[PDB]
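We show some of the complex, not the whole, and keep each chain where it was.
Going in written order, the chains are labelled A and B, and every chain counts its residues from 1.
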Amino acid sequence: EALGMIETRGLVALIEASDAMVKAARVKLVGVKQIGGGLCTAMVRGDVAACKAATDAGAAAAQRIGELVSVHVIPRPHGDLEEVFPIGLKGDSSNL
Amino acid sequence: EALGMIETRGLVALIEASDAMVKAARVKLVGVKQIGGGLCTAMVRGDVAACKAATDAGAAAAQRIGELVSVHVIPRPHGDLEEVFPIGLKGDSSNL
């Protein structure tokens, strides 16, 4: 499955962006990660088309209420990514 | 149930904003999350009307004593949001 991601500065932009992604396409919200500085990121998985609709829906909403840091789709993420980041079809992670 | 959220820069604005939300409407404070940078966020659930009264009460108070980062109501949050964020009618989360 492809991967879509949205970064926001502020958590309410990011929760709203996520609700938008998920309502706008068959994508699944799989995890969310903050890195300090107030930066936070949501990840979704689904079909490549969906992740483009998703992240495009989610970017819209973020910008209406927050501050988008970045939006991006990786169509075919390396399986190696699922080991290290909270982007994985089964609660595999991002809790340490 | 709808979802209301308030972000503040500083925790005493946010505790006061929360006491305000909860006193002003039938909404329930369900969790609170910081993301570094001194940003912190409270979430409430209740009827759509309540979450508008709540967050409108809470914004007032925040601004009197702190620095509101953002206020917002999502009337019908996707169930997918409850998996990933501390917005959930049963201590399901935001402890890892």
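Here is the rule we go by: contacts are C-beta pairs under 8 Å (C-beta built on N, C-alpha and C of every residue); 3 or more make two chains touch, one makes a residue touch a chain.
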With 2 identical chains placed here, what is the total number of copies in the full complex of this structure file?
6
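Note that in this section only the chains that are shown with their structure count from here on.
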Superposition of subunit A upon subunit B: rotation angle, C-alpha, nearest 5 degrees
60
Distance from subunit B to subunit A - Cα centre to Cα centre, in angstrom:
21
Which part of subunit A faces subunit B closely enough to touch in the complex?
10-13, 15-16, 18-19, 22-23, 28-32, 34-40, 42, 65-66, 94-95
Residue set of subunit B touching subunit A in the complex reads 3, 5-7, 33, 35-39, 41, 69-72, 74, 77-78, 80-81, 83-85, 87, 96
